[PDB]
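First, one chain by itself in structure tokens, the form deposited in one PDB entry.
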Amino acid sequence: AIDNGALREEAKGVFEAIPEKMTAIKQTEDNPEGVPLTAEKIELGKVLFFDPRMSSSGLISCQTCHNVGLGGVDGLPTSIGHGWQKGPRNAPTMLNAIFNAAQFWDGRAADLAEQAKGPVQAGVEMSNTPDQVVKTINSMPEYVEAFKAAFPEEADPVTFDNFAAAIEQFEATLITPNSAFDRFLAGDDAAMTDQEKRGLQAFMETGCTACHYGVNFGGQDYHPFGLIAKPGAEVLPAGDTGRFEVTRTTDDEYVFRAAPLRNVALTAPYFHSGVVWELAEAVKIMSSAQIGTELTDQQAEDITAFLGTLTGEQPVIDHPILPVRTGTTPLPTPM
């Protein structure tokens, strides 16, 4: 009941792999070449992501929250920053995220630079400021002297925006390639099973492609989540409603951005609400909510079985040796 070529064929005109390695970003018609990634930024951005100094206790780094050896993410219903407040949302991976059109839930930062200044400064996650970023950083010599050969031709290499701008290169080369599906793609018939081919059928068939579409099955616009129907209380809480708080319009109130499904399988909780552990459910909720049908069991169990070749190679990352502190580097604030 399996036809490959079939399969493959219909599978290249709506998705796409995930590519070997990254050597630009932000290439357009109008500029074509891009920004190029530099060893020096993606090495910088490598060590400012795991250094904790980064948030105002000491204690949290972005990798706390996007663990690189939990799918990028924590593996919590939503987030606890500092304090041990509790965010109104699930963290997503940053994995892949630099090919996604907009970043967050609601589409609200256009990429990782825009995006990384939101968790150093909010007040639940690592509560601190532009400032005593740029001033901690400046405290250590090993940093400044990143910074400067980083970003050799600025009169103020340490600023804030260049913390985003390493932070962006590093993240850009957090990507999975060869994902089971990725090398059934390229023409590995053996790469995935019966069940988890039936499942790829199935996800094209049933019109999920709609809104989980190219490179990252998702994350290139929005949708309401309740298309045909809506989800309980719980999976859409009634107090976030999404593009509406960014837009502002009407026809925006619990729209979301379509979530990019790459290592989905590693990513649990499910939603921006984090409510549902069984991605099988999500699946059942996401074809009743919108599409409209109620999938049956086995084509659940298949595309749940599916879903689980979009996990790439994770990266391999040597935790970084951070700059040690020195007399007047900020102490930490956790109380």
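Positions refer to the first chain, counted from 1. If you superpose the two forms and keep the largest set of C-alpha atoms that fall within 1.5 Å, you have the rigid core. What changes on going to the form deposited in another entry:
- Of the residues 115, 179, 100, 90, exactly one exceeds or equals a 2 Å C-alpha shift between the two forms once the rigid core is aligned, and that residue is 115.
- Once both forms are fitted on their rigid core, the CA atom of residue 232 lies 2 Å or more apart between the two forms.
- Once the cores line up, the CA of residue 218 ends up less than 2 angstroms apart between the two forms.
- Taking the rigid core as fixed, one finds a CA shift for residue 55 smaller than 2 Å between the two forms.
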Second form
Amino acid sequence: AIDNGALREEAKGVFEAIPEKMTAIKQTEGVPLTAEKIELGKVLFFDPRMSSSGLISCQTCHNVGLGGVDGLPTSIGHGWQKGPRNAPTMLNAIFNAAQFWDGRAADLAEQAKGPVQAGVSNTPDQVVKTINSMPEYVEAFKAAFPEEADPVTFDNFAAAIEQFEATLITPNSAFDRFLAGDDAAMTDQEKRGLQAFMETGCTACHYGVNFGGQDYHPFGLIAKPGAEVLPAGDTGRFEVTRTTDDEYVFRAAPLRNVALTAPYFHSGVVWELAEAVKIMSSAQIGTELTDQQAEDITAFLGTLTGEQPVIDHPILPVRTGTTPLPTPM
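Form deposited in one PDB entry done; form deposited in another entry now:
FYI, this one's just the chain on its own, none of its partners or other molecules.
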């Protein structure tokens, strides 16, 4: 066992490296990324005054220094949520065709907007009024949206953030460098894991540029008896189960930077990556791993960690006399 050329050839049939840099989005030549929109989006992403309490920004739950996530079990950040979910990483989110953790199959079907806009309530008006009250924001929106008479809209808020989101990509992980042609980029163990990941059927669901993130499956995590009275490391506390009549579905989690984004699953109840791998060894989904395979895939998944964005923290617009006051709650 262990031919690099064979392994690379096989991995190239199913995965793709993350690009070094994005130049446009929404190619279906798409929409040019521009410095002005990117910078406004960054400002918006870090501004806690876009929340009612004035403490919560996108950066709070999708923290760029912590793998694009908050490292906590669950939160509620978007109107489309039925309940609390683990925050997915913003890193590489631009590549995910499937935009939600879970839903009724037939409802996710005819659903266009992502989490930022889905459904979106009072918020848009409240966001715009907050933006309008600060002249530095108004000036920024006019520069980012030069062809727009009326540029401070919730759609434009969402558009500027999406442009910033497109810069939050993590090229040059060990796996990507292996893929490009560097044999020494991965260990023997990590290569054994790549091989096992591909042969045991994980790729049915975790494939393409993001190793997941593209489609939904009638399978999701549940607690076994006493899960909440058992050691947070303890094996066999949770397992995956097929939903009844396949009617409810979960997105196959995009596994890029997975080593950075514990805890795991839609409920954020698993803290060890090895345990998440063992849980995805299941007769029900059609994957079974030996102890060895589980160990090697775990080591493999560490190679999906890319170069983290280096981001200057923005200086936020000063509030003015009629900026809406934050709510205590």
